[PDB]
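Q: So the chains spell out like this:
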Amino acid sequence: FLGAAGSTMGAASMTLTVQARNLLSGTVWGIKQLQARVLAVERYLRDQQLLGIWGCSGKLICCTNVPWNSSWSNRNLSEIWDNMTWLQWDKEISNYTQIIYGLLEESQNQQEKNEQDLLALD
Amino acid sequence: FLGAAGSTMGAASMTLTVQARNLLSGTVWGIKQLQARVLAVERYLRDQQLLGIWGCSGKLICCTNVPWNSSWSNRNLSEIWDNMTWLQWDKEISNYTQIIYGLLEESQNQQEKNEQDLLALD
Amino acid sequence: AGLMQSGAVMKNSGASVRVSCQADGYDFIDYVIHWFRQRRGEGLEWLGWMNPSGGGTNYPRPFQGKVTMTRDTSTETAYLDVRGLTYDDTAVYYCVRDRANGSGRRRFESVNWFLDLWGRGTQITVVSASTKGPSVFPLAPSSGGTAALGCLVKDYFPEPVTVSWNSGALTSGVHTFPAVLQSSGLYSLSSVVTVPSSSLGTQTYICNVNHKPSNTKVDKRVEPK
Amino acid sequence: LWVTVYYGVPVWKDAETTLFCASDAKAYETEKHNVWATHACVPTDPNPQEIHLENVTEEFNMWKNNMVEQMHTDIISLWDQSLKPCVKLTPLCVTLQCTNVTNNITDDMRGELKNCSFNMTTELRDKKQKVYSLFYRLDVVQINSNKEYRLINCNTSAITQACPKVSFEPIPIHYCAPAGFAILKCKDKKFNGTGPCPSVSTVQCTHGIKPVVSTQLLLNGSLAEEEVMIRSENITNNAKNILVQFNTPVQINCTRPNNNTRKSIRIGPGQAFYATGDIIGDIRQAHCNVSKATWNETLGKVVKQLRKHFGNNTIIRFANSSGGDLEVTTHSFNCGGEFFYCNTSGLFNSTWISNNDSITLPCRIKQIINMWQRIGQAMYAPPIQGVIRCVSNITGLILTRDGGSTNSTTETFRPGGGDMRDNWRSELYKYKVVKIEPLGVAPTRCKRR
Amino acid sequence: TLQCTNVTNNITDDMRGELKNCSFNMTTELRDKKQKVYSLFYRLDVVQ
Amino acid sequence: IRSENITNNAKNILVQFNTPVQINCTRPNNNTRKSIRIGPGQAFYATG
Amino acid sequence: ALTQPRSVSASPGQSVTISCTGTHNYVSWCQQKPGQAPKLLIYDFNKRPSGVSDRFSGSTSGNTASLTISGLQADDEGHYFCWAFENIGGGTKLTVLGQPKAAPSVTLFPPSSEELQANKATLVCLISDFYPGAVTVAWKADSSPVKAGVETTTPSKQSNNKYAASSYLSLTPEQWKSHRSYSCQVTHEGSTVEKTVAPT
Ligand SMILES: *[C@@H]1O[C@H](CO)[C@@H](O[C@@H]2O[C@H](CO)[C@@H](O[C@@H]3O[C@H](CO[C@H]4O[C@H](CO)[C@@H](O)[C@H](O[C@H]5O[C@H](CO)[C@@H](O)[C@H](O)[C@@H]5O[C@H]5O[C@H](CO)[C@@H](O)[C@H](O)[C@@H]5O)[C@@H]4O)[C@@H](O)[C@H](O[C@H]4O[C@H](CO)[C@@H](O)[C@H](O)[C@@H]4O)[C@@H]3O)[C@H](O)[C@H]2NC(C)=O)[C@H](O)[C@H]1NC(C)=O
Ligand SMILES: *[C@@H]1O[C@H](CO)[C@@H](O[C@@H]2O[C@H](CO)[C@@H](O[C@@H]3O[C@H](CO[C@H]4O[C@H](CO)[C@@H](O)[C@H](O[C@H]5O[C@H](CO)[C@@H](O)[C@H](O)[C@@H]5O[C@H]5O[C@H](CO)[C@@H](O)[C@H](O)[C@@H]5O)[C@@H]4O)[C@@H](O)[C@H](O[C@H]4O[C@H](CO)[C@@H](O)[C@H](O)[C@@H]4O)[C@@H]3O)[C@H](O)[C@H]2NC(C)=O)[C@H](O)[C@H]1NC(C)=O
Ligand SMILES: *[C@@H]1O[C@H](CO)[C@@H](O[C@@H]2O[C@H](CO)[C@@H](O[C@@H]3O[C@H](CO)[C@@H](O)[C@H](O)[C@@H]3O)[C@H](O)[C@H]2NC(C)=O)[C@H](O)[C@H]1NC(C)=O
Ligand SMILES: *[C@@H]1O[C@H](CO)[C@@H](O[C@@H]2O[C@H](CO)[C@@H](O[C@@H]3O[C@H](CO)[C@@H](O)[C@H](O)[C@@H]3O)[C@H](O)[C@H]2NC(C)=O)[C@H](O)[C@H]1NC(C)=O
Ligand SMILES: *[C@@H]1O[C@H](CO)[C@@H](O[C@@H]2O[C@H](CO)[C@@H](O[C@@H]3O[C@H](CO)[C@@H](O)[C@H](O)[C@@H]3O)[C@H](O)[C@H]2NC(C)=O)[C@H](O)[C@H]1NC(C)=O
Ligand SMILES: *[C@@H]1O[C@H](CO)[C@@H](O[C@@H]2O[C@H](CO)[C@@H](O[C@@H]3O[C@H](CO)[C@@H](O)[C@H](O)[C@@H]3O)[C@H](O)[C@H]2NC(C)=O)[C@H](O)[C@H]1NC(C)=O
Ligand SMILES: *[C@@H]1O[C@H](CO)[C@@H](O[C@@H]2O[C@H](CO)[C@@H](O)[C@H](O)[C@H]2NC(C)=O)[C@H](O)[C@H]1NC(C)=O
Ligand SMILES: *[C@@H]1O[C@H](CO)[C@@H](O[C@@H]2O[C@H](CO)[C@@H](O)[C@H](O)[C@H]2NC(C)=O)[C@H](O)[C@H]1NC(C)=O
Ligand SMILES: *[C@@H]1O[C@H](CO)[C@@H](O[C@@H]2O[C@H](CO)[C@@H](O)[C@H](O)[C@H]2NC(C)=O)[C@H](O)[C@H]1NC(C)=O
Ligand SMILES: *[C@@H]1O[C@H](CO)[C@@H](O[C@@H]2O[C@H](CO)[C@@H](O)[C@H](O)[C@H]2NC(C)=O)[C@H](O)[C@H]1NC(C)=O
Ligand SMILES: *[C@@H]1O[C@H](CO)[C@@H](O[C@@H]2O[C@H](CO)[C@@H](O)[C@H](O)[C@H]2NC(C)=O)[C@H](O)[C@H]1NC(C)=O
Ligand SMILES: *[C@@H]1O[C@H](CO)[C@@H](O[C@@H]2O[C@H](CO)[C@@H](O)[C@H](O)[C@H]2NC(C)=O)[C@H](O)[C@H]1NC(C)=O
Ligand SMILES: *[C@@H]1O[C@H](CO)[C@@H](O[C@@H]2O[C@H](CO)[C@@H](O)[C@H](O)[C@H]2NC(C)=O)[C@H](O)[C@H]1NC(C)=O
Ligand SMILES: *[C@@H]1O[C@H](CO)[C@@H](O[C@@H]2O[C@H](CO)[C@@H](O)[C@H](O)[C@H]2NC(C)=O)[C@H](O)[C@H]1NC(C)=O
Ligand SMILES: *[C@@H]1O[C@H](CO)[C@@H](O)[C@H](O)[C@H]1NC(C)=O
Ligand SMILES: *[C@@H]1O[C@H](CO)[C@@H](O)[C@H](O)[C@H]1NC(C)=O
Ligand SMILES: *[C@@H]1O[C@H](CO)[C@@H](O)[C@H](O)[C@H]1NC(C)=O
Ligand SMILES: *[C@@H]1O[C@H](CO)[C@@H](O)[C@H](O)[C@H]1NC(C)=O
Ligand SMILES: *[C@@H]1O[C@H](CO)[C@@H](O)[C@H](O)[C@H]1NC(C)=O
Ligand SMILES: *[C@@H]1O[C@H](CO)[C@@H](O)[C@H](O)[C@H]1NC(C)=O
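Residue numbers (our numbering), protein chains in the order written: chain H, 1 to 122; chain F, 1001 to 1122; chain Z, 2001 to 2225; chain C, 3001 to 3449; chain E, 4001 to 4048; chain R, 5001 to 5048; chain A, 6001 to 6200.
This is chain H alone, in the form it adopts within the complex:
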């Protein structure tokens, strides 16, 4: 569980299976943990929604029909899976996450599933 976030990305890639395990794992003062469990569920579902509206939905890992952007911190192939970590990446990435999402959720499946319709007919 979250075993070694300080291990590099290529090492950490081996299992993505326990952080997704205990992430659900099965009166006033009694109202509260209800109010907490409910948004834990909402966060899980916001996730699964942002996921399904991407070509992903297929759990955990998912290749995608959009590449990279130079300016988005031009770096190298061995410099990150072998020399970096996760937050280490997303703190940098904080500055561009939004339009990343925006282009996935639009320019992908919407085009992709409409093109699919254009062949799911013949």
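Derived from the structure by calculation, the hints contain no laboratory data. For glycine and all other residues, C-beta sits at the position ideal for the given N, C-alpha and C. Do not take every clue at face value.
To be verified - Distance ranges between label pairs, derived from CB positions:
{"no.": "1", "chain 1": "C", "residue 1": "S3264", "chain 2": "H", "residue 2": "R46", "range": "56 to 64 Å"}
{"no.": "2", "chain 1": "H", "residue 1": "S94", "chain 2": "F", "residue 2": "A1036", "range": "29 to 37 Å"}
{"no.": "3", "chain 1": "C", "residue 1": "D3188", "chain 2": "A", "residue 2": "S6059", "range": "32 to 40 Å"}
{"no.": "4", "chain 1": "A", "residue 1": "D6044", "chain 2": "R", "residue 2": "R5002", "range": "53 to 61 Å"}
{"no.": "5", "chain 1": "H", "residue 1": "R46", "chain 2": "F", "residue 2": "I1100", "range": "27 to 35 Å"}
{"no.": "6", "chain 1": "E", "residue 1": "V4037", "chain 2": "C", "residue 2": "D3014", "range": "53 to 61 Å"}
{"no.": "7", "chain 1": "A", "residue 1": "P6049", "chain 2": "H", "residue 2": "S94", "range": "23 to 31 Å"}
{"no.": "8", "chain 1": "F", "residue 1": "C1062", "chain 2": "R", "residue 2": "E5004", "range": "41 to 49 Å"}
{"no.": "9", "chain 1": "C", "residue 1": "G3346", "chain 2": "A", "residue 2": "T6187", "range": "53 to 61 Å"}
{"no.": "10", "chain 1": "F", "residue 1": "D1122", "chain 2": "H", "residue 2": "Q35", "range": "51 to 59 Å"}
{"no.": "11", "chain 1": "A", "residue 1": "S6059", "chain 2": "Z", "residue 2": "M2010", "range": "38 to 46 Å"}
Starting from the known structure of chain H, arrange chains F, Z, C, E, R and A with the ligands on it as the hints suggest.
A: Just chains F, Z, C, E, R and A with the ligands now, kept in the frame of chain H:
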């Protein structure tokens, strides 16, 4: 967001991507908006369930192995994507939605996935 | 909003007194109070502080036991006490609110202590009692810069005091400076004229004064020798 | 390179949520209806479930923390709860013909307790009820005549009587978080509360914690380990109270040494009052005893552990408090239900340089609190017959630095406190709440169909 | 019960009485003592 | 102007202005307050 | 125990520094308009918060720490001070440059021979017609300054707006015979002025 429900169906088809965007978008008197968010989640999930039990589940659009019924208001191909709107359709459709559902949820995947098993074996 | 300093006040050597900082516009209980003092032309000084929660305080080493600062939560008021007064305690006294320290979730947070809200101050003046009609002394000219002289008046109480020049007949080149609180707890000032150099010997000069709180009018003939 | 996302990634950030308790199982069985207040608190994971973390360091801030204030709002909430149905006391703000004592108990216990007598509502409405009871000096006040007094609260704040079935025993509570939220757990022993902590685990069900209630003195708390620890948000700020944690348990034995008797006064229906009766035999003041030389050596290792900040040679001195309310001016606390205030004056009249019986300091008992400045309601601490004795460990302290404006000449300390939240920070020093996001995307030369 | 009266100031019949200067006993802080007191009220808060 | 069916006189009529009407109201007397002490805690507030 | 000048003066709409010096601790700055509650300005060596004019610019350089001011507005006449925890600055009376740098006039007068007949030696130093009303004053017996029993006023309005003030030394007549070159010494705007009396 719900931009022009009065634009015809073929025009409206272009994007089905923002009505599904803000549809979740991320003490007494404090109990209430909890009671509201919860059934918003249930409505979303009732949807996704009615969806997955159909061959659909694949988000937004989904072709299906059942055709039309004459009596269900015989009309034409250009009369609806070019000359009608959404509620405009479903107010008519109110009178037949139920067995539509009934036949999808049964006569489809149940047959379809069992036939699939009959080939997912060899 | 702000804070309510009681008005200025006189008392006496030794003795003791109490001073009030009333708080309006927020949370008396949250935040913390401090007190400060400026003496006769002096770099301001710290006095002490109180967290109005439990009541805990900290008196700096040289003022421990001297001071007694307190609170009343219900009246939402801050209080201070000072004992065995001396002239060296003649000053003006501020209470003052810090927001960056004290109980409650609301904290603006700063490394330096916040002196957010300020009481107007309370001037404390220790005047040894009775009154005493003053004592006038002549300051004469002598040995350029044209001649000048006056009469001082000393160790009296209370101010003010009238000084006139030949029943106040002359008012050309006169100034009557502010009083001064000597250590003694009493006051002293002086009235001055300047004159030509030949204006001596011929034209001569005296002081009219009166301290009518003691009912004491005085005429003194000022003479350079 | 294309893009590809990952669900379950190791990334989180600074967030604070609502959290829930956990009170294990063996506490659950003791028959007699309700406990502490954990009514629906769910038992503890019976196994230590923690994960050490490899090459990770991030920054804990014990004052910028939150779960401390979570537990604070929680405990004043359940404070309100606890007594909410308990018995009211409105017919006690009544005149009180009183007097002192009649037994050979020295001026050491002269009067102080009072033998008041007065009328009262009966079970019914008509009849009055001439009665009498005994009270600590600090529950009563003169009014300008023989000896008629008032209770302290009756010009400020009404008062309810705690249900006697309640017991004031702190019980280890495991605060446990929801998912998506993790608790980073610092695991070095040298972490002055602020900054990044390398040695860390990840945890959800924090250890069993007793919310000990005391001023100046910290009781039954957690240990430090090798080199006793001290923490300040910025000690140069003298006003920032200093919180210290011991590696060494201080033995303390407190005792209220008189055999009391209880009165189920009948101010009925239903609502029954509980008064003090006359005392069995001799009368002696409550107090506490502590091992002299262990005290000596702990304050040694302390004064060793401070001049690091204030020059290896500085003048140290301690003293009794700067004058506060009885809660902060003394070691206020509870033992066995009733409430002590100990004259901690005796343990600080000392001055420290550079590198036999046992101590008996007395405490006086009070029954009328309105704690956390939560006035508008007071609690009557009901009596307990028999005597009271109290084993405790002392593990930390709250202190105040004098601001002796010099350079680093003489610096002197006193037992601070007042703000109760520190007794929580003093076991919250080691935790941080983090919101994890299982999502993380990376470019890579991978295509879809 | 409320031993009352009208007004004492030059304020015309335009404001004649209407406000009332009632006087009466009251609970103290304590339970025993009564509390002879008095207060002023608009005419529509009171009744003969 | 709006009515559920104004011919129904009993249906109250609700009207909305395009024009703001200036109005200045004043209770023109300087009052004084009494923290009466019917304690504990509960303090009354009377007219002086 | 912080520095801060004795007084500063400048024309409106200009740009002025106020320095205070002690330690690398976090200074902050505040404002005494006369007969007005102090009004805190900048916290933590640089940043101004809510309801404050941008014109104020605090900075530091370690131990020293100063405040630059944009656009001198005379509605900001008065005293200014810095602090750093219990260590405090000694006030700074910023006046504005209205009228000319008025050199003061200093007069030293001896003890009346009648004071000597009442055995209390009283010496006076008097400062007149000066501006800006912002001066400091030390005494000098023979060749030595003094700590005992010195009082000094706060300058104020003469008739002609310019300023007036007084220093009183109380010594006993033998203490006044014992040093001969008794003397008063003032500092007005850097310029240091003296006058002297001897027992005669
Ligand atoms: C916190 O710290 C304070 C301060 O120290 C403690 O206060 C102490 O409290 C205890 C009890 O509360 C007090 O004990 C009493 O002592 C008196 C006087 O005894 C003296 O004189 C006789 C001769 O006249 C000596 O023989 C006594 O020697 C006793 O001690 C020595 C060792 O030092 C021991 O070897 C002796 O045998 C003797 O002990 C007892 O011996 C037998 C059994 O061994 C026993 O039958 C006998 O009674 C002795 O107690 C001593 O020098 C003594 O009279 C008292 O007993 C009687 O009266 C009480 C009251 O009615 C009865 O209950 C009891 O049964 C006896 O009838 C007590 O024993 C002590 O004086 C006091 N002060 C000091 C300085 O110790 C607190 O108790 C501490 N509290 C906590 C929580 O830590
Ligand atoms: C709602 O509508 C009602 C009805 O209109 C208002 O009721 C009015 O209320 C105001 C105040 O509440 C009343 O004002 C008072 O007027 C009296 C009488 O003044 C008359 O006689 C003198 C000579 O005897 C005239 O000079 C006066 O002329 C005044 O008005 C003219 C313009 O019309 C002006 O040019 C004059 O200068 C003069 O005004 C004032 O002048 C100077 C400064 O300019 C000032 O120092 C002076 O006192 C004048 O007030 C006028 O014809 C007057 O005596 C009162 O003043 C004194 O008594 C009160 C009570 O102690 C003091 O507070 C005050 O300081 C004075 O000592 C008042 O000013 C007015 O009569 C009354 N009725 C009418 C018809 O206006 C409500 O106020 C309205 N409320 C709201 C919320 O809208
Ligand atoms: C606390 O004060 C109460 C007063 O209400 C004391 O109770 C009363 O105490 C007096 C003596 O102080 C008792 O008087 C005697 O009573 C006995 C038995 O009735 C009788 O034989 C004697 O002739 C004399 O009248 C009185 O009865 C008693 N009453 C009650 C109801 O207790 C109480 O003793 C005081 N307690 C202490 C510890 O001081
Ligand atoms: C710190 O921990 C110690 C160790 O337990 C606590 O001492 C305990 O004190 C309580 C009363 O405050 C005792 O409770 C009572 O125990 C007796 C007999 O054990 C029983 O008759 C009562 O019904 C009640 O349960 C408790 O027993 C005692 N601990 C032990 C092991 O005996 C101490 O209270 C703790 N600190 C604080 C401030 O409470
Ligand atoms: C902290 O310690 C100081 C000194 O170490 C204590 O100071 C003392 O304060 C008390 C009460 O203000 C003074 O007491 C008076 O004593 C007479 C004769 O015994 C008594 O009859 C009076 O009723 C009064 O209580 C005492 O003179 C004074 N100085 C000393 C040396 O004791 C202070 O009480 C301590 N405070 C705390 C909270 O620990
Ligand atoms: C409303 O009614 C109350 C009655 O409770 C008035 O209070 C009382 O008013 C009378 C005069 O109407 C006061 O009498 C005089 O008192 C002064 C000072 O004590 C004394 O010098 C006179 O010889 C005479 O006795 C009385 O003291 C006063 N009492 C109190 C407690 O206020 C009140 O004035 C009435 N208010 C209005 C606006 O009508
Ligand atoms: C309890 O009530 C009794 C009455 O039953 C009180 O006794 C009276 O006290 C008053 C004092 O003001 C006397 O004037 C009466 O003469 C007493 N006797 C009666 C009324 O029969 C007694 O003082 C009350 N005790 C309290 C309130 O503590
Ligand atoms: C007070 O401190 C003592 C230290 O001797 C504690 O005794 C230890 O208790 C822990 C847990 O209960 C055990 O793991 C240790 O082995 C005990 N020490 C020894 C020497 O056996 C005692 O429990 C503490 N009491 C409290 C905190 O109430
Ligand atoms: C405190 O006083 C009570 C009442 O006198 C004592 O209770 C008695 O105790 C003895 C001895 O334990 C028993 O034989 C009696 O049956 C008890 N009676 C009642 C009514 O409780 C109590 O024991 C005293 N405290 C101590 C420590 O002995
Ligand atoms: C506090 O109480 C404990 C237990 O009552 C004391 O410890 C005992 O100490 C004696 C000698 O002082 C030993 O003979 C016992 O074996 C100890 N027993 C236990 C359980 O600890 C301790 O000394 C007391 N301390 C003070 C200062 O009173
Ligand atoms: C706590 O203890 C100290 C001393 O142990 C008490 O101080 C004494 O106070 C009395 C009050 O009359 C004085 O007469 C004594 O002279 C004081 N002691 C000394 C050594 O001077 C103190 O009052 C106690 N109580 C509190 C609340 O601090
Ligand atoms: C202050 O600390 C000293 C310890 O250095 C205490 O000293 C005592 O002095 C008295 C007489 O002067 C002796 O009878 C005691 O035996 C001494 N005790 C100790 C431990 O040395 C002194 O009592 C302390 N002050 C107070 C108020 O307790
Ligand atoms: C307030 O209480 C007083 C008593 O303190 C009342 O005065 C009594 O009024 C009754 C009227 O029925 C008379 O019979 C008594 O003789 C009065 N004097 C007494 C009892 O000493 C007064 O009327 C009360 N005022 C109210 C209720 O408004
Ligand atoms: C209403 O009456 C009160 C009480 O007399 C006035 O309060 C005083 O107001 C003056 C002038 O503003 C101040 O100098 C006093 O210090 C105030 N005293 C108190 C106790 O409040 C009030 O001003 C009056 N209303 C108006 C509008 O002036
Ligand atoms: C990539 O980022 C750069 C920023 O330098 C921007 O100019 C470019 O348009 C981005 N790529 C696309 C496809 O928008
Ligand atoms: C990154 O790769 C480029 C070639 O694409 C190479 O020239 C450069 O040295 C590499 N640098 C790092 C830090 O990997
Ligand atoms: C279509 O609807 C008609 C109604 O006219 C009905 O007779 C027919 O059975 C329906 N089709 C099927 C496949 O049931
Ligand atoms: C619909 O299409 C039919 C042919 O299928 C045609 O005969 C008819 O005119 C069309 N009518 C409309 C309204 O589209
Ligand atoms: C009761 O004790 C107090 C406390 O000093 C005293 O004033 C009073 O005289 C005592 N009364 C009796 C009856 O002993
Ligand atoms: C604490 O204050 C000191 C001096 O004011 C400063 O050097 C330090 O940066 C502050 N903050 C800390 C120690 O976190």
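Q: Check each numbered hint against the structure and report the violated ones by number, ascending.
A: No hint contradicted; all consistent.
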